[PDB]
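Contents: one structure, followed by commentary.
Left out: one protein chain. Kept in place: all the others.
For clarity, chains are labelled A, B, C, D, E, F, G and H in written order, and residue numbers in each chain start from 1.
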Amino acid sequence: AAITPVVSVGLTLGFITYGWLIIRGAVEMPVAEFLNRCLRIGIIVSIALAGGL
Amino acid sequence: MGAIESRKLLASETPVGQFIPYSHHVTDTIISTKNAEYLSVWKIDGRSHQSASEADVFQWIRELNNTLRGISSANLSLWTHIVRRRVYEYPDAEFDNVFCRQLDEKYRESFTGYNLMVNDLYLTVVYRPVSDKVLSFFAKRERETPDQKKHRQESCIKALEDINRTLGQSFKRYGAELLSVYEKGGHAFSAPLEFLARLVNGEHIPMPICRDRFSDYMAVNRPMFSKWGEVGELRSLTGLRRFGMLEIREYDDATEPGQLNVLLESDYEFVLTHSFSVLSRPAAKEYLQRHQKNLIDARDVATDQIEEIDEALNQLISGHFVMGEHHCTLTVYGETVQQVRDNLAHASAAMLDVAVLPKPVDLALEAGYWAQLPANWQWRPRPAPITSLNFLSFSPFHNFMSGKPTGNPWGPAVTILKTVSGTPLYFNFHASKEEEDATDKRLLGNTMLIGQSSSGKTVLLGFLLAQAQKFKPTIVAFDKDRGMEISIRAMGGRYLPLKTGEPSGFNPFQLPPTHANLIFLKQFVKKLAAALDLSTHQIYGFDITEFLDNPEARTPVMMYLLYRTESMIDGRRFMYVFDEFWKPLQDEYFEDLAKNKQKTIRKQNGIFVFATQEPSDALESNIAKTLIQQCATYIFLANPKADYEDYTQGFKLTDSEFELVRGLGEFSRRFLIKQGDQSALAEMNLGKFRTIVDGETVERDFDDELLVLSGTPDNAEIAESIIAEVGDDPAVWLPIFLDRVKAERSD
Amino acid sequence: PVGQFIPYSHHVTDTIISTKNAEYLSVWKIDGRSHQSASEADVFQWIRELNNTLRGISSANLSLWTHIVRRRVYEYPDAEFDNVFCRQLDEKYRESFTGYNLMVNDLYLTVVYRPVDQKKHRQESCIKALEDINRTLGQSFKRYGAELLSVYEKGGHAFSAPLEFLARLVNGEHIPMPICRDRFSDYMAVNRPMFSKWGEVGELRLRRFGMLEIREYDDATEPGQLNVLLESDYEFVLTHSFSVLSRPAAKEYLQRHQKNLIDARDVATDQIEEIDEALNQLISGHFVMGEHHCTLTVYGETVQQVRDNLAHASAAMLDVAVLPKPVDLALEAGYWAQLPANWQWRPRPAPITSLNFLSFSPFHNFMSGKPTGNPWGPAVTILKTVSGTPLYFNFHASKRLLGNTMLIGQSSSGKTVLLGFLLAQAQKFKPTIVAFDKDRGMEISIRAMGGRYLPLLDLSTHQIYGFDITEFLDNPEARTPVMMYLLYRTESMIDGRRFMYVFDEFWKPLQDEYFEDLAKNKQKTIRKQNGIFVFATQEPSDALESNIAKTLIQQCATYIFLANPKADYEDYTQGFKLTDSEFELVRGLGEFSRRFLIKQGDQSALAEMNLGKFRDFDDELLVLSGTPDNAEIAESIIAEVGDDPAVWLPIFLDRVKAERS
Amino acid sequence: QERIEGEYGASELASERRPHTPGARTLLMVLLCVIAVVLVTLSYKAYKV
Amino acid sequence: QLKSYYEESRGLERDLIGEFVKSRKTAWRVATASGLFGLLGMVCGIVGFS
Amino acid sequence: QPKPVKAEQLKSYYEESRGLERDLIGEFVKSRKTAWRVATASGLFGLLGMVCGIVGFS
Amino acid sequence: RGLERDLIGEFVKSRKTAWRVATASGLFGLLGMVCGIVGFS
Amino acid sequence: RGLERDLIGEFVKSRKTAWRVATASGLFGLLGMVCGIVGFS
Partner (left out) sequence: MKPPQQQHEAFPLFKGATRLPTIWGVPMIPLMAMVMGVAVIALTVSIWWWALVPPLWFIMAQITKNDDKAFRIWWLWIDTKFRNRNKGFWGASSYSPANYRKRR
């Protein structure tokens, strides 16, 4: 499924942009959010892949 | 290559004109704009804030909002501008007296390490012909015949001129002054353009009216903005100035009056800014409906939710405030990039202290800096709608009293006094329009010191009369208890120490024989009947101490002395002074002559500097009433005993200010100046201090001049002895008088 | 290297330098008329006549640059006498100058005429057109006193005067250059400037220089507006150009400007009507427009000093309603735009009416004379002036130039002191002085200067002689004999030697029938023989009483006017060719003001010879002037001590001090 | 031929630098390490399928 | 006459020597372009044989 | 950068100078004329070569 | 020297340009003739 | 004088002959050029 590189590029670019906020100084959720939301989305995508197989 | 590149780099630049929206003066008070948006500038002498009850600033905001809500057309706008600045215009004064020169050198030495900065408020009420941006999107493209361009021209000029009249009438207690064209040397110099140029340049460059658009030639300083930062740099002839902007973006559940007062007391020279793009009632009601909808789409908070927005919307419909788009950009000026960042952090701490969370502007530094010039909405970073009451609470036109350093009728300000607030007051006799009956006049210059003596009243009056010699003014001093003898001798003028038992020394025997002089001498001998050269020196003195117990002799003595001084006033700077005025003035003869000759003298640079020890004893009589009401610059002093009636009824002093005066210490040096409506609890002080010279803290004390200026019959009775032994010259006998002072100072 | 900006190629005729692109050029050295001597009434008339003579030769070919170059003059050299008294006088008078301005102004106008067997005839047509333009301009500038810069042979090496000014523009220091077979662009520069690449300031090979661009459109208030710069503590070269526009081009520019001002969103009826008035003022007012950029290039030593100079100039020009715009990146273009015929490098010219060009550069300067280059070495002495500009006095003002000088004023009011001072400090020339005196005015001064003053016999023994005829003054029997004898014997000595006369009062010998014709003929003979008469008179009414005195007065070079309140109106007004305003300035001086108005040529200034502290001048004037008691003390000493000049002078000082007590 | 002494040259503002919060680099690197190992295993299955 | 303020200003702003240098340089550039075009054509023909 | 010019002949120097200036201007305009003439001739042979090259391209 | 030198150098530069163009045209015309007379048989 | 006259003689002779050879060789080039390069075309 080419949707696998597709999700790869989209999710990685989104993560890079979302973590660019700390440099951009527009987000006040440094520690709890950047681990929690990242782990939630990561677990969601991992479950999606391990289900797709 | 290495030759042609100058022109190649030259022609490829964006001039500052693209960012400055101004053009020809159309009216002497109103400036055009390339988009045809006429505006006017309002210099304001903000009324004092320290000396008022908390509820009364609420009342001031109420009156101010009430006047605004009448004229706040949907087409208006406001740019307040409190340009804190340091005083470079205060020339050092030449002198002749040695005692005065020493006193002034010591005094200016006492100012090493003091905030010498003066607030300067402003207001530019702008008028766009059209409000809605959507139709203006077309209007920027259409073509209009010149006659209808003229029609828009007079419509806008008349509308803005009505706005100016209304604001002037609404700023009666704010000392406002509309800035307008003034001519220098057969050429037109704009008064507003200097202020807007100060906004652009950072300096005060006198802007003439040449034959171009102002946008072309109104910037004489090449600005430079950092690629990634908040600070910039202005490359000028007189030196670089680095500026770091700042921005407000988070309000709170409050609009406490004058919450931005803390930036008045600043140690950093800056330029605050505001904007209030007044907004239509339907649009404002829609914004408030949006807030209501967002809030009500949630859990039912008990009171913040419901009733507050109930009353908000009900007021807005019932016409009690007018919403508008607002943005505030404090920009601190400094000399080095580290220092401007330090000042920026200080200003951020100050704003956070009053619960308005600021965030330094970083990406839109240039947009903000071009958003300060009035008539620039397209460059504002963060316009956020607020209640109008709230905007007038972000700019109540509060200000510490500072006075006018230069431009006075006589010239530079007479003295500079310490203020308990911290901001220095530039004292000067000539206040602005106390009588308030006619505009064309000579500024009223009287002064009335009142307060129980030994609290420095003689010290104060000696200090002013000692520093006022930069004007070379004539002085005639009617004193009491021989206090001023030492000073008047030190200022190198005749002092006559009138006393009983010794021959008078002056008599009318040799008077000129003209028919007017015959009239006077006939009048005198008709008043006496009851039951050398005077042109030599400049600063005279006469003692009338023994005449307080004399009913009969006061009229002849004052009659003769005043007549002799009357011929003196031919235009030269003349400064009558007095002491315990009413008893010399408690005479039925010359009250009418005094009022008439007062109106006459006030024209050719005349001044009365009154005084008093017991203000209760003075206000009772008829004569003192006109003179209390005819003094512009009050100077109140402290007293352990005070009465509401006299201070409020007679002296036009408010209740808060009266309680302030009562709260003063018994002998603490603190006197409430009251030039006009403005007030300031100043204090000239003569305490111990340190001097920054050669790394040496040279202990300097003012007592060597206190024992001269301070009134003491004992000290005067030995000063007279030492002058009798050696009466050569005050410049000569001053060291030996100080010597004999040191001889008695331990016996 | 640098020739990429300099357009000059070679000469085409003695007075017209060519250009690389065939743009023939000429240079004029304009002294300028004094703007203090004449009131505000005549300044407008000056501007109007300059406008008339400009629009007379108006054409699209023409152009004009104008430069006001200020110098710290060093070409005025110190001179060593051969007498101790004169050396003392010179040394103290020079020490009276520590801290003064010591700056001269020079004004240069250049006319460039660029055209827009036929070829040879067109070359001839171009040069003939430019020479006719020069003739008209010379007719115009008669009052101003300009001279046409032309080649001058120096010992077989032909030179070229115009190259010197164009050199000073770029070199910044007067470096003489010869005319040679190259194109002058290659070597006209010697000290090439080095502009910082950012362009705020510059360099020279020593002196840093920053610029200002004076872009003004409003009609000037004064006919000379920014003349406050003529007196300042910094050097500069203030430059204006007038690249004329052909009349249709001016009309088109005004029309386009009015259109672009109309087609705007804001109406300003203070501008449109004024411009529309000017548009048909142009046709009927008869003034022709043109391009104009103004640039001020102040020099300095330290770069911060240059910025202080710029701030001072900006303030002193905001005082006159003009706003200076500092130059930041255009400095290279501005500086290379100073050279005449560098139209290309002008930063941002904008059209200016002819009245406003002639009213921005009207050729006003405080009169200052020639520091050096005179036919008799340097200037004799350097008089001060009101408003602080050094007048370099000299008797030779515009076939050697005329030198006869007259000193009209009261003898008591500093006439004798002035004459003694001038002769003592002009002793540097070592000329023979034949002094004549009235009431023993100069006996002590001459005897101090090593003469043989004969109080009342061949001239080889001494250089100076003085003959006193105050005894024989008003005795009509034999003034004519004694004067013939003295004049004849002195005239026999007149060959080769640099020569001079001094007449304290001449109108008595003037009414001589036989002597006057001989004097006039000998004058005609001597004018080319280094002859310098120095006439004087106690009061002009004494002179003009005699008719021949007017004839002799017409032949005079420099007039010095002391303070004489009791001055007849007719005498100064039409007798001496003075102005009414100058007559006012003469009376303005007090009874003993110690100032005097020197009408030198056709310009004048108040040379205030002030003997302040810093005084030895009190002692010098005490020994300079002559009184009968002074004369008897001097005679007694000279009789007893001997002959040598400096042996007795201390004894004289002691005796005079005892007299003063 | 050198910049002319004691004049205003280029700005002193170009010296400015954007400070880095001294935790962003290390944890950002470790976060990319783990996300990259996930993504590589994911493309391992992508090609294998 | 010229009757164009732009025309007169640009006439002043222009020098003969540089204009003619540019003119001859452009003429030689065009001549070189035409010569190279001719060489291209001849190459095309000599290929066109075989 | 040589020494001054011979002063014995002022007239000869700037006489030949004006002559040289006129001759230089004339020769430079004539060179421009020949430059465009050669450009036209080069264009003509260029297009002759191109036309024959195309027509012979079978 | 100077302006006269510029004139002389200018016309000799023109002369060697003429020699260059004449040489190129002579060689290229002889080339055209030779390719033609290569075709003609 | 002599040097200028020699330079002018070189001008006339060499430059005029350079362009005369340019014209004659160009004309011969044109003749042969048209001829052969039309021949094989």
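Heads up, the rule we're going with is that a residue touches a chain if its C-beta (ideal position, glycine included) is under 8 Å from a C-beta of that chain, and two chains touch if they have at least 3 such contacts.
> Looking beyond the chains shown, say which of B:177, B:203, B:216 or B:614 touches the absent one.
Of all options in B:177, B:203, B:216 or B:614, contact with the hidden chain holds for B:216.
> Which one touches the absent chain: B:255, B:339 or B:348?
Among B:255, B:339 or B:348, only B:255 touches the chain that is not shown.
> Give the residue, chosen from C:114, C:346 or C:384, that touches the chain omitted from the document.
Reading the full complex, the residue touching the unseen chain is C:346.
> For the full complex, which residue in B:118, B:121 or B:389 touches the chain that was left out?
B:389
> Hey, which chain D residues sit against the chain that's not shown?
Interface residues of chain D facing the absent chain: 10-14.
> For chain B, which residues lie in contact with the unshown chain of the complex?
9-19, 49-50, 54, 57-58, 61, 215-217, 219-227, 232-233, 235, 251-259, 261-262, 264-265, 287-288, 290-292, 294-295, 308-309, 312, 363-367, 370, 379, 381-382, 384-387, 389-390, 393, 398, 421
> So which bits of chain A touch the chain we can't see?
Within chain A, the residues that touch the unshown chain are 10, 14, 17-18, 26-28.
The working rule: only the chains that are shown with their structure count from here on.
> Tell me the fewest steps from chain B to chain E, where a step is a jump to a chain it touches.
The fewest touching-chain steps linking chain B to chain E number 2.
> Name the chain pair with more contacting C-beta pairs, choosing from B-C and C-E.
Here the pair linked by more C-beta pairs in contact is B-C.
> At what distance in angstrom does the C-alpha mean of chain H lie from that of chain G?
8
> If you average the CA atoms of chain A and of chain H, how many Å lie between those two points?
Centre-to-centre distance between chain A and chain H: 80 Å.
> Per the centroid of Cα atoms for each chain, what is the distance between chain D and chain H, given in Å?
Measuring from centre to centre gives 68 Å for this pair.
> If a residue has to touch 2 or more other chains to count, which residues of chain C qualify?
Only 9-10, 22, 180-182, 186 qualify.
> Can you list the chain C residues touching chain F in their complex?
Against chain F, chain C makes touches at 9-14, 18, 22, 119-120, 123, 127, 151, 153, 156-159, 178-182, 186-187.
> Would you pull the chain D residues touching chain C in the complex into a rising list?
1, 3-10
> Which of the residues in chain H come into contact with chain F in the complex?
Residues in contact with chain F: 4, 19, 26, 29-30, 33-34, 37-38, 40-41.
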